[PDB]
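Quick setup: one chain, the form solved without the named molecule, written in structure tokens, and binding and motion questions come after.
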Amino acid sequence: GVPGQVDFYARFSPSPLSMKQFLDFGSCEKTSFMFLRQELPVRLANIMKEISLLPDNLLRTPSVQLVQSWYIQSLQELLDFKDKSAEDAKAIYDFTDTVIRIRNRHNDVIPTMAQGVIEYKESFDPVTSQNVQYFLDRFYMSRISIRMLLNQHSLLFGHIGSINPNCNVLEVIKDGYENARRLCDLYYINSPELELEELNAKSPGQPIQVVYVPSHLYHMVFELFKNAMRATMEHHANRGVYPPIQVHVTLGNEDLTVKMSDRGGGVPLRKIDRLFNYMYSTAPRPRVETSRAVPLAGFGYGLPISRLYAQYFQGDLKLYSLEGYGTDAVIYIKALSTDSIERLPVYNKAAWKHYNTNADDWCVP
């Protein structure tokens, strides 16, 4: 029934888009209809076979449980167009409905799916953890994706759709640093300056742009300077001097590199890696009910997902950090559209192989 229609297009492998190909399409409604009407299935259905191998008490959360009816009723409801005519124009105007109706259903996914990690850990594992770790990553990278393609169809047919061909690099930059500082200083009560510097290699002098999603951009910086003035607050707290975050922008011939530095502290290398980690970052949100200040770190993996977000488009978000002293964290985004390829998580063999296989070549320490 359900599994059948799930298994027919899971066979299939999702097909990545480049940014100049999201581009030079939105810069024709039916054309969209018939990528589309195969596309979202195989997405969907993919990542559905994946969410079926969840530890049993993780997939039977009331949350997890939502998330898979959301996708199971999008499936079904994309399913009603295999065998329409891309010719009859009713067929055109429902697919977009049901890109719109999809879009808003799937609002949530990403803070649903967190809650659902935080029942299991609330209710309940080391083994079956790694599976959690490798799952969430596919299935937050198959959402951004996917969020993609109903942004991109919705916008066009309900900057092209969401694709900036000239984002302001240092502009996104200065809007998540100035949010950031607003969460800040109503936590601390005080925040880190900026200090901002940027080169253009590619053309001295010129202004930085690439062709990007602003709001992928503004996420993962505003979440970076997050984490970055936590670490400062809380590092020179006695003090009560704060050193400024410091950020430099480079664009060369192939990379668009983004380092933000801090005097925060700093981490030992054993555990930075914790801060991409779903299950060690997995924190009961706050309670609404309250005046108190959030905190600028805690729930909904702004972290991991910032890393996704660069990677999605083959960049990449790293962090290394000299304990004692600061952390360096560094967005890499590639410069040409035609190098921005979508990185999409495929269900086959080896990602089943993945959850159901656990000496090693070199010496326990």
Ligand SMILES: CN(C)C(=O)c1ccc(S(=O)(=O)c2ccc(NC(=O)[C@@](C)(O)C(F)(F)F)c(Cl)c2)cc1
The other form holds:
Protein chains: 2
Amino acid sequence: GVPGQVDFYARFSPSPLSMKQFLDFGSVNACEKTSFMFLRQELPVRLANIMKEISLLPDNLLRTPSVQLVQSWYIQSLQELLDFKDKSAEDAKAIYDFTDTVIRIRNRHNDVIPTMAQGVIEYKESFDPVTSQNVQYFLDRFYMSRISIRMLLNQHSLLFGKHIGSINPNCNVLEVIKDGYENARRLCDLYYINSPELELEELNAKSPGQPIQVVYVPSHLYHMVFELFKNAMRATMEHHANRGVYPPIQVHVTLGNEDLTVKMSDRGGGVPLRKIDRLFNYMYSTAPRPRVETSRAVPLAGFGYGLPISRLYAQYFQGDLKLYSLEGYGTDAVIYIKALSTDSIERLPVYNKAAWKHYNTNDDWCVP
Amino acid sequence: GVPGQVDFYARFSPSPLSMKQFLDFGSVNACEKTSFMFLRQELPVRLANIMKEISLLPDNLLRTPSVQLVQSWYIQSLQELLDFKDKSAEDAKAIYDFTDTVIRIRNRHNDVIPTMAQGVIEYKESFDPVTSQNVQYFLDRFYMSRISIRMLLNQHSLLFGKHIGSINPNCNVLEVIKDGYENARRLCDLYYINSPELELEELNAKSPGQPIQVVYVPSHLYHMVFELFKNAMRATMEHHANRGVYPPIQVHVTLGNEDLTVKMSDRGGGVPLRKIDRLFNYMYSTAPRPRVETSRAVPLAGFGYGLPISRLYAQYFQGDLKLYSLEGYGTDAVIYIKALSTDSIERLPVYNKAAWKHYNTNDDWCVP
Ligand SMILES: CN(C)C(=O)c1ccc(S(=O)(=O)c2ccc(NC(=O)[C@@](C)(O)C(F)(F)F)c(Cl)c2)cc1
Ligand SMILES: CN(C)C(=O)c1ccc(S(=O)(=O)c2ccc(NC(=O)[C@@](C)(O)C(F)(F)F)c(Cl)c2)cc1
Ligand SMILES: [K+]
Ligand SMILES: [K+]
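Given the form solved without the named molecule, corresponding form deposited with the named molecule bound:
Next comes the full complex, this chain leading.
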């Protein structure tokens, strides 16, 4: 029975892999058998761990139709995977069947992020600061968990169903930045009828004058840069509306010994320090998606948690994404990525006593 | 008896004042009586609260001669203040005597910061990561507490023994920055035989083209900027040694609606994100003071916790001080100050169950 199975697998801790390990596994004659042996335990472990926390959500959120749907997807995928814990690594039909199942799960779970977001809209619409700390804690973990699950599903599906699965061993950082800029720029032009130029500079400090490349998932880097350009572009177009002269977005890329850093600087007027963290708060940025039935351009901020999720992508491989704003002037956004694949280790949430306490808990400084 | 008195006063919580309250109190016919009535409770409360945490330090730190000396200073000041809880607000001799006592305490406590730092050197020299979290927690609180105590002692001593005590209602921000730069620059020249130029720009967004002024303690702002210039100058001189061309330090000052921000940008090579927080770690930056008996220039980093203490000054009035470095390129340092005096409220540590737990305590994420 499901709670039995969820309880068994949720006792285990997820096991993080490094970018180097993902890479070395798939690089030369990736082994389907070996992948089966790992994932038939690991995917059920990851699924069960985060399912335990879906159960701790406020009842009015958990009971939303969109959250009920996501939970049912997880329940089904867990069950399908557990059909295989008894099968043999030597059973070629079992391996084939497992691979089919992984590919199928990959499709079922495609819409998980916006369906969850729709849940939060359903909950916000019909219904609290007591539990809004719980929702923030949950969504960071649920979306990081989903990122990690989708990584495994993609690796295995692409390897078995120059890139190694989703990984580019020589990801061209400036090319991805430019791709992000051009797509954000199209959306900026659609909405504001104008857009800032890009000024891009690079410094390869580790090997001066050489192209900057890292082992990375290019679509992860694309997501962060595109989301940040949208953010920088919106602030720029909104601050400079009256004068009608739009300062460019400036992007500085450096590869150091340990850090790849992408700094994005806008003159969009900034945000006071008191408010800057709202850009990463799910409840604060929970806005109804605009209707399909219109030709009016979609705004550069709104549905889908672009900015918190960008930061989760950065932090997933031990990187980070930080914002620094000077109110009345503009804002710097910085992506930090580990230069070395061996330093790029999955950051995975784990369900245990400490996680549970965090939902059922809540001072040494004077309250201002 | 001392533990009796410490226990009584440590039950109370310190009471934070705003910059506006400090200002309005002293602006027009500051009342000595009223100041006596507040401080005869408040100074014993603040003293007793932090004394409780000195007692929780690791035994090998607490027992250092320099920590023993600081504790004895606190014990004596507490005792002297408590001679007055029985006296009358109407007893003019008692008011005179209290004011004398405040002035005397102000002198006794002059050397508290470096004497405490000497304690940490004594402890480091003769003797652990288990308790190094406790020392970090303690020193932030002890130094913030000391900042708050010294504020009260200074206000009362200057008022009764255009500035209101230590407060300038019209602090000229650029003038203080320039003063910081020129003093840091002298030290840079002494040690490196060269120094970077300053490029300074300002934006008064709240009232464009007007001088930027805030109600502030100018010596607090001076300390932060001077310490940050030293930091920026060191990185610059050390990174650019070989080429012998030193990029200037650039400082951008903005006054927004809610934030005064001072951004200081250097091309000093930066620090990876993994290491940047060591600049604020007391144990990591605990270095023996150089000997008196030399004419060799003093380095721009070392004894006395310039950088963590700068950040405490920022945070004392609900501001902040943040560092952002791009490894292989350089570093931005940002001071955030509240533009409004009513928003500038003392940030005071309080001793209670939560504080105590923090010394006697010590996970929902996978360990990397
Ligand atoms: C020659 N060779 C295969 C290796 O060097 C090697 C062998 C094992 C590892 S590893 O760290 O144990 C490891 C690393 C990755 C995986 N699996 C995968 O990458 C996938 C395809 O199953 C995953 F879905 F992405 F997880 C597995 Cl099953 C094991 C890493 C590298
Ligand atoms: C006219 N007038 C005095 C006021 O507007 C006023 C009256 C009281 C306050 S207050 O917030 O209660 C207050 C504000 C500050 C103080 N005291 C002081 O400023 C000093 C000199 O004692 C201190 F040492 F700095 F704390 C006190 Cl005793 C009271 C603030 C302003
Ligand atoms: K677990
Ligand atoms: K207390």
